[PDB]
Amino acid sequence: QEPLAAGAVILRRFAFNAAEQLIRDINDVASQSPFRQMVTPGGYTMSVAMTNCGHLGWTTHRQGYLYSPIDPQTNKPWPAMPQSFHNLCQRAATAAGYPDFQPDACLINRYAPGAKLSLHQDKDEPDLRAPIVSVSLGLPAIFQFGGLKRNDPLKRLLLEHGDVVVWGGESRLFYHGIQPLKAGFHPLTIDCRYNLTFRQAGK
């Protein structure tokens, strides 16, 4: 299935089949670059653990964000993006109408019950030409999606295991975020939610 909105679609239950292989390749990456909490420059500490794969990796600190080839926690390169991450990503991107997308970054998020991503706009990328591909894995989450300005009426959507969201073009600098993840069980993730966001950061 494929719905909305405006240079952005939801590919519903798109990563369903590959979820077992994604989870496995998430784990493989994690055994190299582990998950960790990150302190926002505003002093707040994020309830979302995260790590990276691909050419570039995004981390926030006290001075601010950074895209890096080096993992600041290991002082070695971020794991190469797994075959299945790459394949899945462009297969989503094509179906979303971005045939010439190729990411170099992949920020992997892990949410516990009560974890939240504050409303933000994917901003720290120089090349606004490329779209964002978000993969939802595990427990269901409510993903809010507004627009350019902060005050745009947000719309609340249930993102479920396998669900995929691609946004770019006119909808690229759009405010979006995550509400406190409700507790539950999922076969594959047990009691959490994984989320991959694919991005072009270099080029």
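Definition used throughout: the rigid core is the maximal C-alpha set that superposes within 1.5 Å between two forms. Numbering follows the first chain given and starts at 1. First, how it differs from the form deposited in another entry.
- Annotation: Cα of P34 displaced by less than 2 Å between these two forms, core superposition.
- Core-superposed comparison between these two forms: the Cα of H61 travels 2 Å or more.
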Contents of the next structure:
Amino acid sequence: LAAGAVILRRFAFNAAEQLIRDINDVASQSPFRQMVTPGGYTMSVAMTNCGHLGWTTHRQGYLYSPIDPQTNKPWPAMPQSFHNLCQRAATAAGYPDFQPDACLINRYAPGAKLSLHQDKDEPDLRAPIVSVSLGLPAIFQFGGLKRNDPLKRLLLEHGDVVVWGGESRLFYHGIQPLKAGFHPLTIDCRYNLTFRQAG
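Okay, that's the form deposited in one PDB entry, but what's the structure of the form deposited in another entry?
Single chain only below; no partners, no other molecules.
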């Protein structure tokens, strides 16, 4: 249970193949890189973006930038398949006016994790985040408004779409070490797209 969250399991199953082709297309211009946190530690989750803006780490913290700091080129345009799926997901959730300008693509290798954090770099925290999972299953862990609040678990599998709105939007969250295994479309990893209204 998560207030404001609309869980649409296997919603992106049909679009999955095209999404993976489009991730590889995005990755050819802006490669997956394990971003260095402000404290000097490399993240285990490999990331990249597409859209006008893109999430990245820098010296003084976290920010959205229209430029990829590794390639020094802008982030690739958001694929049509990405726009179409996010629009369908958002509309089904009660947000037909949601128009993302940023999509953070997370790649999880076996054992890759993401510790507890909040997504608060966006200007309007009332605007939801559309999460699309592809490939190997992962355990999404979440608390509440505070970091010491009781942790709940949710498995996110291939094609699972969640629209994190309302209270759920501000929840402290993370991903547990990705269990090893096989998936027909991604081989040995998990991909996660998080559409954001960043401008």
